[PDB]
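Taking the form deposited without the named molecule, here's one chain by itself in structure tokens.
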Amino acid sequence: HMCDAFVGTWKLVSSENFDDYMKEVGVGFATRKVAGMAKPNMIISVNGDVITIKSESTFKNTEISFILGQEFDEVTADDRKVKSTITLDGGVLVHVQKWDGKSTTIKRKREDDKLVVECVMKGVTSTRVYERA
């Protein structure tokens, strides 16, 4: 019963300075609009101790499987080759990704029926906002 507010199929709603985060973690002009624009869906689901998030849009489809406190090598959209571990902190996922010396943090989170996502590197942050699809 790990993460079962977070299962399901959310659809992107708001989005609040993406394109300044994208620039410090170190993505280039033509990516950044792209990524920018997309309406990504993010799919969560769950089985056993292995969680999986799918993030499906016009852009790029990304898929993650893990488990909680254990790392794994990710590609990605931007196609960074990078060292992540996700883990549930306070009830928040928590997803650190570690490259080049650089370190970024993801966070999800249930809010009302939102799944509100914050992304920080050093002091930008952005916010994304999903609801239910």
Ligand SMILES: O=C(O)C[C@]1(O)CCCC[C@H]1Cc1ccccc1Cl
Given for the second form:
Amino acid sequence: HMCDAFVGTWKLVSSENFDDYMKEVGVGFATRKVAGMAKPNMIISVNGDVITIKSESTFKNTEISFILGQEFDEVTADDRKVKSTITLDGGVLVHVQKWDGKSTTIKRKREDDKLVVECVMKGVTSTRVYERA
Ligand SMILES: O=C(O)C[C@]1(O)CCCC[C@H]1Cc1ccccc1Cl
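Can you give me the structure for the form solved in complex with the named molecule, which would complement the form deposited without the named molecule we have just seen?
So here's everything in the complex, that chain up top.
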């Protein structure tokens, strides 16, 4: 019941500062422009200890499955090959990605009827707000 309030199908309804986040991560111009148009569906499910997060989008479809606290390989929507670890901290899913000596942290939280995704790279934050589909 660990992630019950996250489970479901969610649709992006607003974004702030995403272009700058992507720049900070190292995403190139064309990818930033195409990725920034997308309005993804995020589908979160749990089966036993395994959490699955899918992103269905006109840009890229992605899928990760993981156990909390257990590192895994991830290929991100912008084609970084990263090592990821996701934990639950005070009810927030905290996702750290490491690659090439760099790090970014993605927090996913339930706030009212929304699922808020906060993406941080050094000093740069982007906030992505999802609602139930
Ligand atoms: O789409 C989102 O709302 C969230 C997201 O799918 C997971 C968290 C990180 C940002 C984003 C992935 C992502 C990362 C770099 C370049 C383009 C993209 Cl699309």
